[PDB]
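Excluded from the complex is one protein chain; the other protein chains are retained at their positions.
Chain IDs A and B follow the sequence of writing; residue 1 opens each chain.
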Amino acid sequence: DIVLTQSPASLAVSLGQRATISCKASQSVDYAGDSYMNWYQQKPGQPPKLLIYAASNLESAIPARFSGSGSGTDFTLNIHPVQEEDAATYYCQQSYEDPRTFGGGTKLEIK
Amino acid sequence: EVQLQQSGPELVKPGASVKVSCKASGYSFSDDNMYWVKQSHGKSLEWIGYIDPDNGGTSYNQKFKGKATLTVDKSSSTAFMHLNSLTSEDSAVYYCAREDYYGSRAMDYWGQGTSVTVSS
Partner (left out) sequence: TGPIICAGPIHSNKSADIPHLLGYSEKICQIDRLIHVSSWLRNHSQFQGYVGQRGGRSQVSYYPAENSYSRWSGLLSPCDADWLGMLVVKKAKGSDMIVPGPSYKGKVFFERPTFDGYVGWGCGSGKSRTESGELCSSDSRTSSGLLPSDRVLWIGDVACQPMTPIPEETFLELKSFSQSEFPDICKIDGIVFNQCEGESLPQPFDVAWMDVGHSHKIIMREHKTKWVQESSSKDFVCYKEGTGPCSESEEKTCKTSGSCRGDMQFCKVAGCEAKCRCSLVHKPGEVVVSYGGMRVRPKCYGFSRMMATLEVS
């Protein structure tokens, strides 16, 4: 199985500053020019909400403060400028192969 | 709009079984695979399995083969998950989610979650 390691497990960022979350896969999730990596935002009591699919594609109606980059094994979720509604746990998830796997998650707290 | 609606919270006794439903509307049910995901309290998301509602073909996480069984009803646009031999390790929120294989290959629509508490 493809193991995903997120870092940091927890992070605190001041309003208006930049949050940078990392995800490293144990194998490449690239195939024919796309990177099969997704990012989810989850607030307590609600389901995950898709933010970024395929490393860098913004889902419709997701604000442009969110962006993603990376290729192969090393991926980045950026939030800038961080706002109050951004407090949540962010998950990465690979769609390269069966079984789908998820990272452990990164809790973003506001300063 | 796509929408997925799960059945309500469930209290069940150890050694029993439970069946959860997920009702899809707003798109053609059999076009897309339906995924199921477990989330223990405070913990991370785990994949359980998926089902192809067009023909009933399934694939399971090895961790849940024999524990979980996936079915659908095409006529009523509903996916089911049967959990058996419940222990306290099965108490979690369970999600269904539609995967858009050739769009985003992501789970872009989720049900609200079904809380399952295993206790006497």
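Going forward, contacts are C-beta pairs under 8 Å (C-beta built on N, C-alpha and C of every residue); 3 or more make two chains touch, one makes a residue touch a chain.
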Taking the full complex into account, find the residue in A:2, A:11, A:54 or A:110 that is in contact with the omitted chain. A:54
For a quick check of understanding: of B:69, B:78, B:104 or B:114, which residue touches the chain that isn't displayed? B:104
Contact residues on chain A toward the hidden chain run 31-34, 53-54, 57-58, 60
Pick out the residues on chain B that sit against the missing chain. 2, 27-28, 31, 33, 52, 54, 100-105
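Keep in mind that, in the parts below, only the chains that are shown with their structure count from here on.
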Would you kindly tell me how far, in whole Å, the mean C-alpha position of chain B lies from that of chain A? 23
For a test of understanding, state which residues of chain B touch chain A in their complex under the given definition. 35, 44-47, 59, 61-62, 95, 97, 104-108, 110-113
Interface residues, chain A side, partner chain B - complex: 36, 38, 40, 46-50, 53-54, 57, 59, 91, 93, 95, 98-105
